[PDB]
Structure formats: C-alpha cells, structure tokens
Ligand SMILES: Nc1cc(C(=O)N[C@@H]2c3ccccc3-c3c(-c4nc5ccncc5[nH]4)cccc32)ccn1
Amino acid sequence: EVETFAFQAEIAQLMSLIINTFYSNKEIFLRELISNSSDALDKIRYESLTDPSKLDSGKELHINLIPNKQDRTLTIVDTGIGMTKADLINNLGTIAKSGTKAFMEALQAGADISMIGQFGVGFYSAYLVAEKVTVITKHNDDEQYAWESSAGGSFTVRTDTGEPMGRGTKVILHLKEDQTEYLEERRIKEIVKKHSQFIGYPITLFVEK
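Would you be able to provide this chain's structure on its own in the form solved without the named molecule?
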C-alpha cells in the first residue's frame, strides 16, 4: 500500500532550483546530511538523559557511510531519534516552507547554495547528486517507513519491509550517472575531513568487496 503526495509548491520550487541551477560545489550535500544526522543523534541523546529506556531500541549513537558501486548508491545511516510518518509527510521534520522562503531571499541577496543548511532545508541538497532519494526511518513512537522521491513534484510513503532499523534514519542516494565520484573512498574521506571534522559522533566509512 503506497501513498503518493504532492510537494508543497514552495518545496517543489526549492528542489527544482537545486536540480537546475549551475553550481559546481556539489560536495556540500554530504556535510548537510551528516549535520542532519548529528542533529537527530543529539535529540535522542537528550531524551535519554531523563529516560534511559529511550535507548532500548539501540544504545550506540553513530553515523555510517555506505557506498555501493553496483547499486550506484551512497547511504548515510544514523541511529538518531528517527522520524514518525507524520514527520516524513511534513517535509522530513523540517520547517521547509519558511526555510525555503528565507533561503531564496538570501540567494538573491548574495548567498549561494552551500549555505542551504543555515535555513533548515539542508536535506534537499541531496538532489545535487542524486536522481532519487529513499529515506528509511524508525522512530520510537511509530513503525518503520520508507519515503521516496525523484523530485518532479511528488513523493511516496509506505510501510518499509526491508531490514528492521531499530531506531534512526537511513538516507539512500541513488546517484546521478555523472556523480559517481562520491562512491570513491578517497573522495568521501576528503569531504568528511574538510567539512565534518567536528561532528561529535563516530563516522564510519564502509569499504566494498
């Protein structure tokens, strides 16, 4: 059972801008997704400070980067607080309408796309490098769900039948044909060292057979 939703007009316009604007500094997508993961890990850690049982779904707080050249996917896994189904439909837990408003005023006032994270909509920078994004998420208060969009004005949500996550979020980037450099180990290492050196959670870059 698959539900198809229309993006709010402002969010569709944000992703069309990300997809269509000539902008060579695409590597910042990884910084933005790791920062989102760090924020989600902060949230479940804070909740656990007064309720240890919040970590019954998994005590380890970390970020994994999983490239797969055969599938042409880069997956960012975290064990953060996750998202409910309502969070997913409500723009992945962002205030994306007002954030897009401010981002687009900043762009006409000198800003560039790399500053997208300062407006709370850094997730959508995934479409700098991905033709399709799948988000698998499990929140303590809900079931496991899969969100998916190839842009074009719509997204889908379904109950996920993949591997149980326990708790957290998995962002699967189905990379564009000309963006496979972000599957190479040395390129990912360079980006993490450049932009994510002070993230307070272990970031593990998986290797491939």
Second form
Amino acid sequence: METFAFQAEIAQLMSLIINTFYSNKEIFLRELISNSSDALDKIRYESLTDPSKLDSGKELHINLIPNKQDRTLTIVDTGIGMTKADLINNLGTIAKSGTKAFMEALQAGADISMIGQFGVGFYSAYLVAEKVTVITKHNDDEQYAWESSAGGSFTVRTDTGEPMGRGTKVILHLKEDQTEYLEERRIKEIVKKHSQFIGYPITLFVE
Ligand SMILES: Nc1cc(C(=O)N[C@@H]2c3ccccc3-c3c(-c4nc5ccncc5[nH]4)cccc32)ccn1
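Can you swap the form solved without the named molecule for the form solved in complex with the named molecule?
Complete assembly follows, chain above in first position.
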C-alpha cells in the first residue's frame, strides 16, 4: 500500500465539505450516480468503434448496495473504470482545477449542491462518509483500491478482492449519524427525486 499527500486545494475542499454546516446532504447520491453514468457513457462510446472494449463485460448498469452491519453504502457501476495513473495523477489534476473553480464560485454565492458542475462531485461523498474506498478496474490496467479518510492523505494498492471485470465501486463508510442512507425507503426517495432519468438501469439492492 502506497500513501500519497493531497495537494493544498483539494485538501481544503475536503475540510470544507466535512466542517461546513449544510443539511442538504442527500445530493451526494445524485453526484455519484452521475459520475457512474458518465463513466458508462465513456466505455459505451468507445465500444462503438471497438466492440472488444466490452469483452470485460457487456452489461452497462449501476447498483446501489446498502449494508447495515458494515454501515456502508456502495455505488457500483460497470463503466470505464480508472487506471493507476487516473487514480494518482490524472484525477489529481482534475481535482485541483475543479476545486479552484468551485471555491471561487462558493465565495461568490454558489451553493455546495452545485459541486458537480465543477467535476469534483465525487467529494460530496464526504458529506455522509468518514472514509471512502474506491475499487476500480479499467481495461488497460489491473484492479486497484484507492482510499481516504481525509486528514491530508490517500492510499492506493492493488486490490485482491473479488475480480470486477470492469468498472468502479465507491464504498461509503457512513458517519454514525448518517445511517438513514442505508434504508430502502430513503434511497428510493433520493433516486426518484434526483436520478430518475439516468440512461442506465439503477438497481437498489435490499437486505
Ligand atoms: N471513471 C470513474 C470515475 C469515478 C469517480 O468518481 N472518480 C473520482 C474523482 C472525480 C473527480 C476528481 C477526482 C476523483 C477521484 C480520485 C482522486 N482524487 C484525487 C485528488 C488528488 N490526487 C489524486 C486523486 N485521485 C480517486 C478515486 C476516485 C475519484 C466513478 C466512476 N468511474
């Protein structure tokens, strides 16, 4: 397992998301589903020119999996996934520019719910999670696990868990007072409210 330091900009955004008082936390789900949808759009478009792109899995879907025992909510997609370079370098670049733009918008009067317009909606996960674990598999690399509980660092290591084929799993280790997002009625409510028109099947698993 390798440990990396977040750059100042993104580290500051993570602290803002965790420290700022903001009750409309439910928007985190909309943001993660949108990220999954975007990733599914990407692998699907690539498959239009090269059908073999789907040899790692033809199914294009999004699954929402709650687990009360582990107190986790996992958003699973069979999108394009992320390579090690995406995890460490490429997305670091996006996180920096996206954070700078978002911060300037906030000081102007923008709201936290608009975070997705800046390409860093993934970080809205910290509105409800104390730790986020990302398991991902891209056609051009092996399966990896990215993880962070903030505090200025994140880790990346090869993942020996169940082979995914292709895609991304965002595991939200929920804060003690955010267990409402593990309830079927709550998740169904949020999905219908903000993600009813997503162009891929969203399956809400139950326990
Ligand atoms: N293709 C995908 C991608 C996603 C997705 O949401 N992607 C995340 C994301 C979105 C925007 C900016 C950074 C990151 C990031 C980072 C990440 N943030 C960083 C900040 C600084 N340095 C490296 C960094 N890596 C690490 C893991 C996941 C993500 C979902 C499904 N399919």
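Positions refer to the first chain, counted from 1. Only residues modelled in both forms are compared. We call the rigid core the largest set of C-alpha positions that still match within 1.5 Å between the two forms.
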Where does the C-alpha shift reach 2 Å or more between these two forms among 129, 92, 133, 77, given a fit on the rigid core? 92
